[PDB]
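First comes one chain, alone, set out as structure tokens in the form deposited in one PDB entry.
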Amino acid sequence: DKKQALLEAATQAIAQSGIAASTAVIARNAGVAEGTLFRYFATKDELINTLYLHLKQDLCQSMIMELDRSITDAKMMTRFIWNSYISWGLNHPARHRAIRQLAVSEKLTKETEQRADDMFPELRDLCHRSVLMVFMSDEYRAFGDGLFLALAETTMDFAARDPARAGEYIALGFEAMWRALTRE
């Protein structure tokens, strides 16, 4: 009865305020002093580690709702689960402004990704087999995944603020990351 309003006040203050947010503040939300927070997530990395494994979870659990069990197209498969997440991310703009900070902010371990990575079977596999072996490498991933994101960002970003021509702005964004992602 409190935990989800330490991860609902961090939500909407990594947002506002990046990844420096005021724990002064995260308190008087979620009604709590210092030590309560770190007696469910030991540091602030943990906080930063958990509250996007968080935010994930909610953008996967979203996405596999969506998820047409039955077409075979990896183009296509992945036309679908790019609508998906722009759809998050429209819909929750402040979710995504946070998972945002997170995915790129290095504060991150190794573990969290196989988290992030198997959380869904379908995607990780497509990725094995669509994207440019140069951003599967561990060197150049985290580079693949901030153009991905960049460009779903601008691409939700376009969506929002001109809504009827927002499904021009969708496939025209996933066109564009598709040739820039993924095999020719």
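Positions refer to the first chain, counted from 1. C-alpha atoms forming the largest set that superposes within 1.5 Å between two forms make up the rigid core. What changes on going to the form deposited in another entry:
After superposition on the rigid core, the C-alpha displacement between these two forms reaches 2 Å or more for just one residue among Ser62, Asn29, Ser137, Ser130, namely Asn29.
Go ahead and give the structure of the form deposited in another entry, now that the form deposited in one PDB entry is out.
Chain only, nothing else included.
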């Protein structure tokens, strides 16, 4: 049961300090010895990769469970998914900060990236139809993700601070993201 405590602790630490977060802090907060952290995860980077797959799985599971097959318009379907990402981040502030920091950390392996894209094949294919070509490229994909996550985190933040207008920020946010990242 310690693995899960380590994951949850590293989720909290990274959400607060990014990938600079200390393994000693993560281990202690999970109620285990740093030496024990390292027996579950031979390297810090190994912890980073597993954590990312774990969080990505969670987020994906949540978007799949809200996915309405009746929606048939492509942009409308992209909006309902943005909404899900957003309410997911609203329900789990730490998980989203962590995921945002992990996703753009350059410490994710090729196989990790692959194994993550192949979790929700149809959601992956959807996004990829609308996304600007350069944001699909091996050189700039990582940056397109970065742009998407900065936009969703700001939307999350404004929604959380002033909930009376949450749905307005989420909607304005989606419309900003859609013009920024998608093709004509």
